[PDB]
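Only one chain is given next, in structure tokens, and it is the form deposited without the partner chain.
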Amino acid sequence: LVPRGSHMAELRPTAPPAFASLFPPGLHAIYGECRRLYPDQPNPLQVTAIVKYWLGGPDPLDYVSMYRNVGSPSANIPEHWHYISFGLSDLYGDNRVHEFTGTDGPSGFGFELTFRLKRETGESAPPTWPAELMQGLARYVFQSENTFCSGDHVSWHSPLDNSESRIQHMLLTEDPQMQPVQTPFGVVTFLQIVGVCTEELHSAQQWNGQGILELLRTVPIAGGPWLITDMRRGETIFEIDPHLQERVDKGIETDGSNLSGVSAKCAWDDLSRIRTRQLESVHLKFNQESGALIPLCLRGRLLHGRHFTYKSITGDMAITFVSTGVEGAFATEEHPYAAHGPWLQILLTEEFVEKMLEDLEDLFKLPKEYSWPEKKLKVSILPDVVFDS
């Protein structure tokens, strides 16, 4: 039989913008991607800086395009407003704001901010507050020269739209739609701002940024695969799902912690009986909050050959936990407890911290005391009254 043929049972830019000569080449490329995504909105609402930054203006971003993304409620992606900045990258390439660096490497700071705000009902246009937020974030970047990555966190400690909204902080990720572009003035990637609660910010600091991001992609209400910020969100991802906390802690064990130290209630005392002092025995003290970080300090820092420092909020006192892999420590295996004044350094071997972690479970009859006489070490978790005196 001669082939009858296939019968498919299931099937699912290129033209320059008006008046191209007018556009700066760096602005021209970014706009190209925006058109790719939104051909139906060729003239979107824009917030624009009339007083230019290079002429005294407070606003580093020259433009903020505001499109309407329908999303895919067909696949749990809500309707939202999409915000795209112009100014963080080298737009003009004439050394007015950014140093011209040519095609190789990053255009300006090498990125432009984006943000996806979940659309409410009655909203017949995109709200203009996130534009001002982006301006604010751009000020941070311009005043220093701290270029941001996918995974970075920003401590804002203020409701992003000045609302009562829980969402007071921001994480940064790759925009799910925007593809990095090559301008004549360098390369531009697209960092998306994702709003988060103080609690979730702390989780990213404790673990890593990328991991907390991935966690938000499985919680649509937060959340979603496209990381859309809903300002009217009331509960954290941990309150929506307590099972997630386990994946945070599991990750701290797997990847390690970004947390190098913490200002908390802590103290240490000598049992031996400025210059370095080598202590034969030591007694470390913590409240419930700082004591709760001990497993993180051991499992996610020392077990990874990194270190951890507890600083007492009141006073001179400090404790630094160190592993064998650290360089420049004045605490060695032979003299594992050493202090330069009030600053205590404790060296703990890999074999021994594993044994400690067997004793230390969550982490409540306080004082909760632990003791290893073979190491001459005592760790006690006390009520806050001790350190408040």
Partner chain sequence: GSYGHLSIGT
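Only residues modelled in both forms are compared. Rigid core here is just the name for the largest C-alpha set that superposes within 1.5 Å across the two forms. Residue numbers count along the first chain shown, from 1. What changes on going to the form solved in complex with the partner chain:
With the core held fixed, residue 115 shows a CA shift below 2 Å between these two forms. Relative to the superposed rigid core, residue 35 undergoes a CA displacement smaller than 2 Å between these two forms.
As a two-part rigid-body motion between these two forms, the smaller part of the chain turns against the larger by 52°, taken from C-alpha fits. Core-superposed comparison between these two forms places the runs of three or more consecutive residues whose CA atoms all shift by 2 angstroms or more at 249-256, 258-271, 274-363, 365-388, listed in sequence order.
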Contents of the next structure:
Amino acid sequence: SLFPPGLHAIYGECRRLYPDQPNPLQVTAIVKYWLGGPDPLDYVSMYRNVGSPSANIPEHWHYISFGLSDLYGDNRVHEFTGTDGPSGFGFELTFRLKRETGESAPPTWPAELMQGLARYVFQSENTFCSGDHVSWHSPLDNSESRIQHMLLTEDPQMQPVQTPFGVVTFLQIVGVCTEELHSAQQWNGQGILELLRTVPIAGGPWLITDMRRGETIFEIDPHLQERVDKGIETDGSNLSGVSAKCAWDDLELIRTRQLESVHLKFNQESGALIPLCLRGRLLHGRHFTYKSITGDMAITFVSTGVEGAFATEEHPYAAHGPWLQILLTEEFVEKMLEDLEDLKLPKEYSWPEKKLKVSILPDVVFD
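Pass me the form solved in complex with the partner chain as well; I've looked at the form deposited without the partner chain already.
Only a single chain is listed, so you will not see partners or other molecules.
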């Protein structure tokens, strides 16, 4: 087919929002993914959006991906299901980049950013949800920008589109500072997105990313730090897991292996989230899962009361294949927290009484 039905359906929504831009800049993957190319997004459209500057919606460039959803419906890349359910991964990515004075065209770098995010989705098959975060650890545009990480949210304008191949929603990338990423992790992504909406330079109502932003929302409004602190104290973290570098070693719907001792291994970044796991999750009666990006190992920490776990108070370390579940009691979680003040490799922590070891190791270990 010369015009792909999934593609045409999204274009209808684009036309609705941009009736005066029938011919926007669009980039494309020179060797398409379904022909062996490295980049999963077939196209990225790049629109001018005049916004509503008086309402703290600056003029900006609006990017929309094509490829995460099912464009073609002929099983060249995604599995066809029908009008019901998700089309491909069920969403496309968007991004809103503040226009800098002098710019006559959208910068093309956000297409490369989007390809990176999509490559991860296609390879890991971990999907993105509104409120999720993506740590990145470099200026998104390769400048010296403090904007070095991302939160994900519903696009504030693009409505879900019904296509012959399923429903497609639109998930907007929002650039954030390290401090803001951390706040979303320790509290909740939705809460931080809402704060960004209230600070024009940090996003405003449409969560436009300003790559020239030099200050965090907490530096702009110190009172916001108190709001977040109170939130972490009262609500804990809503983070149920991360895709990360991790492993474990041997030191109900299934029979599981009962482990006498366990050795948990993390890289620097995942290791730094251990206190969140313990204090922000387990002490709130919740669970937290580290899921390997490289392979199939996963470590799910559970607290007493968590339902549907195969780790129990009597047998607290239990595995089904590469999936480890570890039940920690409140008393022991509190002890671990004290011992992990520092949260330089390797770092080793050992609790012989509980037959538990934690190592923080270089990334290569997890290859």
